[PDB]
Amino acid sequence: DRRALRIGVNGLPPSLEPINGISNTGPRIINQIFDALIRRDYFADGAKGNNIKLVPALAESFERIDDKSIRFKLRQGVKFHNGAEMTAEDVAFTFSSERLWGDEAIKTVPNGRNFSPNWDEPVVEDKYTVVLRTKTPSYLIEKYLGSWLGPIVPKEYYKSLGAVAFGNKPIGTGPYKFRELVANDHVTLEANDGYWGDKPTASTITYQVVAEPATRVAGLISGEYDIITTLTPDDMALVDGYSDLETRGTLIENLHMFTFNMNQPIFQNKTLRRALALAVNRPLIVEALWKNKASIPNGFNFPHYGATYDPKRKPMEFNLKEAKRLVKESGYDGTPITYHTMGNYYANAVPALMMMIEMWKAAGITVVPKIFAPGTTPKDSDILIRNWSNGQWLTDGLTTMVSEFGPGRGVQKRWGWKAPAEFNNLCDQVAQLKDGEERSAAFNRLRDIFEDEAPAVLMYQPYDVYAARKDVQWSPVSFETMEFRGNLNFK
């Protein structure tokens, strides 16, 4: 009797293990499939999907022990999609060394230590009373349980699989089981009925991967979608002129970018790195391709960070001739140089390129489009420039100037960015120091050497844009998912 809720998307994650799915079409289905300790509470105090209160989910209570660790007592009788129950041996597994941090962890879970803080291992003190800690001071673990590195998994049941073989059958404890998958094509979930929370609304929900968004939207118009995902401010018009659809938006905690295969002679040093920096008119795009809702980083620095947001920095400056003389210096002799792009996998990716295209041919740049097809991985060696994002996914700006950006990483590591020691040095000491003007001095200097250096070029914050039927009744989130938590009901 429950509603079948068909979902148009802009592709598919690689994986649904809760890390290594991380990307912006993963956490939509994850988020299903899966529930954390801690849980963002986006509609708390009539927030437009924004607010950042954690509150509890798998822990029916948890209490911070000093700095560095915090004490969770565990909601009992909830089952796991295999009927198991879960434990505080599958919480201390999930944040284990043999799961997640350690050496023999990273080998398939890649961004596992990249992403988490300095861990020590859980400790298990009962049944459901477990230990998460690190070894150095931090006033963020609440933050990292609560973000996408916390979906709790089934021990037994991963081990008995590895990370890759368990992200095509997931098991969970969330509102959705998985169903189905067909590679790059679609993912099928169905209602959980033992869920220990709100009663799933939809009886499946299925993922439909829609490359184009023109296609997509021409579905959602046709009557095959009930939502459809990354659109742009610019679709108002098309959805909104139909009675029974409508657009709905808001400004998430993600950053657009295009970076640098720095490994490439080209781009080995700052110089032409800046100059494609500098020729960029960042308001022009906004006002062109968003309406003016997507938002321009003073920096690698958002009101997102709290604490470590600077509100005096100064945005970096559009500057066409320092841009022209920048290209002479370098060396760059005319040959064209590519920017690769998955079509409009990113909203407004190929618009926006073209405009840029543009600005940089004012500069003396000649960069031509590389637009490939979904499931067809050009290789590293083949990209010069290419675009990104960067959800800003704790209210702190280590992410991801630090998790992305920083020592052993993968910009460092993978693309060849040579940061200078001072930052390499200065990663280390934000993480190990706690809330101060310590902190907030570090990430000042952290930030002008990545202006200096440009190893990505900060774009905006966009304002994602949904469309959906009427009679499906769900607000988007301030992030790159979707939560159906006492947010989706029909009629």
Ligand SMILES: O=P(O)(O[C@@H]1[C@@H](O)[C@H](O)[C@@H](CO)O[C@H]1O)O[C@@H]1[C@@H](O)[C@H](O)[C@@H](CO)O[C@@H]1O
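Residue numbers count along the first chain shown, from 1. First, how it differs from the form deposited without the ligand.
Of the listed residues 462, 74, 396, 192, only 462 lies at a hinge between rigid parts moving between these two forms; the rest are more than 12 positions from any hinge.
Next, report the structure of the form deposited without the ligand; the form deposited with the ligand bound has already been given.
So it's only the chain below, everything else dropped.
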């Protein structure tokens, strides 16, 4: 007496552990098995899954003690999938150096330190009260606890298995309890009838991997799947032709871009990087391939940033006259510059590159594509230009301009970006700053330095497309996850 939900997915996460499973394919499963202290209410106040409002979920209420500490009064009676009651010890363990940010913890959870602020050891007050605190001032703690970092894990169960074994048999407080897993095949979650919130609407949720988009579409038409993920606006023509099925698309909080290996002699200066950025006609590419459904942000600036969003920012410059001048100043000899890309990873990555190549040709730059595979990934020295994506996972400007382009991060340390000292000093300031006039003005200067230096060139915010049966009532959210809490009704 409850319909079974079948989901055709592009793949499965490397793990089901909340932090280790963070990927394009991860959150859509992990969000059902786990809950966080704070939940993002995507559909609050009639929004289309884009609202950044943070409502209290595992924590009944929260009071900020100071610039680095928050007291969490927890919900009582919340039970994990194994029956154990969720206490402050479980919440403290979730954000402790033993599990998340310690030197030994990062061996099993590599990105535990990366996806976290400067954590300090949490303090358990009573059975349902814990104080989550950081070593340095941070006004983003609540935003970090409401992101994919948030999910609370059980202390006695996780410790007895480890981050590796827990990823194959996870236990959480979400509305769907993990049942079975077949590597690179499927994940099945049965309905958690002991859920503290609204009773689950589906009996079982299966994540069947259907690697090819055509096979995924055929499966939805045949009746094998209720919802299919990872489709492009071009695939709408076939699915929308069937009256029983429909496409439901959304502008996801991800950023398609192309970065450079600034260790190469040609890309250590900002001159040729700026020439390549100024020659790209972004509206033309979005119009031709995305059917004008993708968005072009005004710099590293997105509406989901909240107070750190400047709606009055100028759009990224398109100047062929200036791009041509920069090529003359750079002393570019005409040697073909490689562009490493996968033929089936980023949506429209190959057709967009073909268009950009003609735009770079107009500026005087010979750019040739180099198709690679996961098992044929090139070494850093073989890379000149490469396509890349950045999931803007925080409901704040910190990710990913500070997150990936800041001091000590990959773009500067691994890809040799000699960033200005002003950029790195402002990156440290915005981390500890409080949302205001000064913090918003610091992000504007960071964006201006980012466009001037051009360590990466932002192409567009992609439009992710899903396809579902009309009898399954589910609206997609603006993130690389699926929300079924009060957003899954069978007819």
